[PDB]
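In the block that follows, a single chain appears as structure tokens, in the form deposited without the partner chain.
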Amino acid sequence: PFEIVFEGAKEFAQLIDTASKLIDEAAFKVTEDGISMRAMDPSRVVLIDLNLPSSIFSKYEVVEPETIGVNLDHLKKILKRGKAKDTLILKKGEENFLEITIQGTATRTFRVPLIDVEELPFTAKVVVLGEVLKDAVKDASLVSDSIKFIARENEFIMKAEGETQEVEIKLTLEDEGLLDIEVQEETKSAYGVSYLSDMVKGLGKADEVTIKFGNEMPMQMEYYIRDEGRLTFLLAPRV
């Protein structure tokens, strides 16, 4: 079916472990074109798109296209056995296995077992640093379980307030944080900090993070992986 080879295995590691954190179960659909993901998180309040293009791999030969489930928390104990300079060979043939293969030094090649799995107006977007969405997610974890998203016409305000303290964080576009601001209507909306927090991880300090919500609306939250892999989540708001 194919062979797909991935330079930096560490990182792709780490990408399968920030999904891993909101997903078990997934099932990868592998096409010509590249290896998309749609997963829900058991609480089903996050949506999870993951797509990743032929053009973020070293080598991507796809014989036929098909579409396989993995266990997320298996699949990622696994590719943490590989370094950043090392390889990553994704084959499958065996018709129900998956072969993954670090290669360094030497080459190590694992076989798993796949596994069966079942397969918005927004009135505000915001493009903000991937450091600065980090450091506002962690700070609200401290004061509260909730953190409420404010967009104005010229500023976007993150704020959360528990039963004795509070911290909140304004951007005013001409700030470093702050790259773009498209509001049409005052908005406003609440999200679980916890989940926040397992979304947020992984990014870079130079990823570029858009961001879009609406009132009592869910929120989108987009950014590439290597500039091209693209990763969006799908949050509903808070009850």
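Under this definition, the rigid core comprises the largest set of C-alpha atoms superposing within 1.5 Å between the forms. Numbering follows the first chain given and starts at 1. What changes on going to the form deposited with the partner chain bound:
Candidate set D49, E66, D33, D207; criterion, C-alpha shift of 2 Å or more between the two forms after rigid-core fit; matching residue, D207.
After superposing the rigid core, the Cα of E99 is displaced by less than 2 Å between the two forms.
After superposition on the rigid core, the Cα atom of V127 is displaced by 2 Å or more between the two forms. With the core held fixed, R152 shows a CA shift of 2 Å or greater between the two forms.
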Second form
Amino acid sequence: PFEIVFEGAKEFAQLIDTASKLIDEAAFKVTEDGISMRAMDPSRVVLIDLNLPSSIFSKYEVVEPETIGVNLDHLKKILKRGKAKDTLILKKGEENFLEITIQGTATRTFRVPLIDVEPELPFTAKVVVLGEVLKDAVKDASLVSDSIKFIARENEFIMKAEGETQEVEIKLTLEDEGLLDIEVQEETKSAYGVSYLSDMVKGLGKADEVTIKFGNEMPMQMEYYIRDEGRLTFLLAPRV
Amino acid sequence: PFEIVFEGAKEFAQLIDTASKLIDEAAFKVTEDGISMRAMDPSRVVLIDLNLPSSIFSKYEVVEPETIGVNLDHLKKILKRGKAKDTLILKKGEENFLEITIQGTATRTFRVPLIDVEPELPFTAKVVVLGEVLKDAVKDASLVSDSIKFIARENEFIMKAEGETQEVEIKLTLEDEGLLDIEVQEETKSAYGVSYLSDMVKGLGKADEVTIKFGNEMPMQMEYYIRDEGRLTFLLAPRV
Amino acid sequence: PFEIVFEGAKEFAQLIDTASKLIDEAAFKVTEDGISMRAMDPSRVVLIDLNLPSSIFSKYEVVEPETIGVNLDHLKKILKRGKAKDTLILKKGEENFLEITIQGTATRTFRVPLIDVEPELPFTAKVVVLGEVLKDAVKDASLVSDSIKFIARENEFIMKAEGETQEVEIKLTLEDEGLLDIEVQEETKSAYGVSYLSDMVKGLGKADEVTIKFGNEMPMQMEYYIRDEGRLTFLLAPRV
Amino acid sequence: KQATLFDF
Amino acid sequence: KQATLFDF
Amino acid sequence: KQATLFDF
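Alongside the form deposited without the partner chain that was just displayed, please also present the structure of the form deposited with the partner chain bound.
What follows is the whole complex; the chain from before opens it.
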């Protein structure tokens, strides 16, 4: 059982919408320290890891911890009309139901039946970029290919792609307001699938500060924060 | 014959767009006191009553009163490009045509051929709510059912619905900025069709102040005002 | 070879989007004085003439002038994510490729393979109108016909159309903020195809100042400026 | 059942 | 009829 | 080829 309240329904819905792009349903583990969710996409190419600590909620009480199955698509629809300033309440008693309340101009509560749902990497590069850069870079690349190569060096982050004819190169340095930070341990190179990145960055926000870590022909870790303490992390297998 | 001028073409178009959702064509009666229109939807479940007094128009002259047939869909298209501050003129002479002028950055006049178009209830409850509440409440309900139950008591307005599994309850009290007024003569209950309400509230505005009256297993009356003096009223049969 | 820089990628993309509506591909001639493009639409009814002088670019260097073939549809997609303040660079070396760079939050450069692409009129009338007037006038006319008649006199510009039943008349005089200027040498009348005008005005901007010249049963010349010095001109054959 | 306005 | 630019 | 997370 538990009653959890997050202030900013719209923002919570977007977090959930970002996750629904890769996965359809997931198990949310509610403990006293926060909510966490972890799942792999159908094709086993992308892992999504979400962590929302209690400090991000205006109210957080968990009498007895528990895991609940959730269909992201169904949750998505329910949260669709939550507004930017609406209050969101997630409450569960002993029964197998989830009570979702969206409180703003009125108090709207949904009762939805719950359904059960059943290795540190040595990244040699890290960059922090404005979500707009990834969103634009992925669409640019899609115009010429289904593959995009990530290249990182000191003060230089490069994403490039090339198809049967045209090619595109998106480059950033610290002078660019698109690159917020760069820490490279050595020239790092790896390639990834444009479609997967497209789904990963779709829900991404234009001004969100995204962190990216990867290694040579190694998967890429992509994360961005929620109310500073929250975190949504993507782990994407490479196109070696 | 008559020449009528309404300042705010866009707003007039929206009034007409709201009406077109339930009905396709209607007879507008033009008299010296104002324009009025009354019609039932194809299925005979909803009656729409519109009344626009002369005081709402910047110019209002009716030499001889008369009724004119109008296809709302056709009128809708013509008024579609009227802007928020455009002037709208409805002029009819002896001939069977309607002259519709939209005057703003330019003077645009359409000549459209006219076509002929051929019991107080003891409501025990009244509430005034922000259009956003009905619009959201109807979509919420549609997610779980094709039926929504309205429940009114002192300082408590409730709309609820439940399907094969999930249920939704939208509740308001005076503390909510969504409920502007509540006057109940006794616990009132009745149910209605979600689709009909969806069509009725579709053209509804987010901040419009809507008044609702109903009785036990009785139809519901829904109205909102235009330039204070104007009025658009819906009468919807219940789902007893 | 040449390197040309235009400040305002979005605006350049729109200029290109306007042109793509009538034509699919065109030959751009780059000389030391500016860029120019001229082409007729597939049906040989509309000629498009674009001229962009060097003074409109922040950087303009042409070592050796040359003509390059461009598919407007492909260019369109590439410039689609250029923002209002992004810098746009068009660079060509000896090779048969075009380098298009969009520089803002990041530096994005596309390499696209290039493909080869192979009588003053006595207008008796001239009017300058707000783009919104043409855009609205064309849609109004389309509601009743596939033909629109242009009528110009002293202090009076008229566009009218009539179908099997309804008719529409859009009239302007100097008192209207939609008509910025009128210079007529004699009562001028001519008719044009609504579809063509629809394509011509589609990319047109609401507040753009458009100039129009025509003669009795003669083609119509429609132009609007870019950074004052630039010019996009349409020449449309009449419906005599 | 959905009643008709004809019922009132 | 719709004339062509070829007519002018 | 597109590797799987199962490869790491």
